[PDB]
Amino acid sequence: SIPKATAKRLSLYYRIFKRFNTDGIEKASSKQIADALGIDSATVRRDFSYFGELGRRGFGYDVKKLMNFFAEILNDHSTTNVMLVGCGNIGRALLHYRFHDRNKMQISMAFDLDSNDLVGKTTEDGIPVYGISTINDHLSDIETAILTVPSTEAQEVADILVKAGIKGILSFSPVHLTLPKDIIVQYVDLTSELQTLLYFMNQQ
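Structure for this chain only, please, in the form solved without the DNA.
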């Protein structure tokens, strides 16, 4: 039963193991993993204690097998249909992207405000685009949403989606949402990421 903070690191560990794997490294020390990741080697070690037999020795981690252990935790769900809400910019890009088959996830419908051009039309990639008005009637097994609408619509729209039965939200809107307890929300705030980057550069 992995701890939350450990789980947030899964995809970081996948990334670093992939690259070791690409470079021909069979075996890695927790020190090497820490140094590449820029975290405390003792954190690598408490994390890896949760990753079964492959991680239970503080050293000589098998790079091929753990790379795969990580990919397979992160793909351990059935095929998930996802809706996109906000076919603006950053949404325009996600709207066209087709996730690798292994990921067992796809954007199967898109939404924008009814004055938008794309409503009614359909993408050359295959995805129909409906008005945020048609949201409630247009649900289905979809539980998961990507949200890319402007700061000022964010909360309003998430509330529509939550009321419509959405349990998970990947939000790009740079505003903090307040939603029922049981609703999962994961944020990618671009401005906050640049601010963090810029703060570490300014530590010199």
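By rigid core we mean the largest C-alpha set that fits within 1.5 Å across both forms. Positions refer to the first chain, counted from 1. Only residues modelled in both forms are compared. Compared with the form deposited with the DNA bound:
Looking at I146, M67, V157, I166 after a core superposition between the two forms, you find that only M67 has a C-alpha shift of 2 Å or more. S78 shows a C-alpha shift of 2 Å or greater between the two forms [criterion: core-superposed Cα displacement of 2 Å]. Taking 2 Å as the criterion, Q186 does not count as shifted between the two forms: its C-alpha moves by less than this amount when the rigid core is aligned. Once the rigid core is used as the reference frame, the Cα position of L177 differs between the two forms by less than 2 Å. Taking only residues common to both forms and fitting on the rigid core, the CA shifts of 2 Å or more between the two forms cluster into runs of 3 or more residues at 8-78, 100-102.
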Second form
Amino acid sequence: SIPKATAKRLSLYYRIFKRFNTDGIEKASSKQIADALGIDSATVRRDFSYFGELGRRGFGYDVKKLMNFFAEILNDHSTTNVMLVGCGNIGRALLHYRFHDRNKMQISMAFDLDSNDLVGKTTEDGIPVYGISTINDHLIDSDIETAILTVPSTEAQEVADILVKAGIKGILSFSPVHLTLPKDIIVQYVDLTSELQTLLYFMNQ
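Given the form solved without the DNA above, produce the structure of the same protein in the form deposited with the DNA bound.
Nothing else is written out below except the one chain.
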């Protein structure tokens, strides 16, 4: 919430309260939440307590009340449109994933080089693909200010600048390259090679 460590769990808590809600479970204790998340229960309680007093003593937490509270925190009572740039290996994995079946996000358009064979067409799921040179045109009346960036590493900086210039305010980047961009622009990195190589480091200790 305030604390970065807690803010990184919010999405994990929301999923769990949703899963309980689907499974017909109406109450959950912080021990049950801790165990489904693989963390300690004291962190769940300290996490929730930044948002006020959400449980009751001796009972636990009302699953629906918490599912809905977290949806509000996560802005999941409104729809967020995202774009994806770079329709290549990971690009396409994401494009075909129905984010919107579980949360109120969706990739509503994608971009690639103007010469890509997918430009001018749609995804099997109806997501239109356009040339990167037209980004300014399509960004009008999309409500998009968030980009998924899945272009080659050597092009990440150059394409990040195009996105920012064109109005993008937040980037999830799969390139392992620190983007130099103004500090108001939020950048979250996913680094798959580093994740795999770090797994191997832990296995060898």
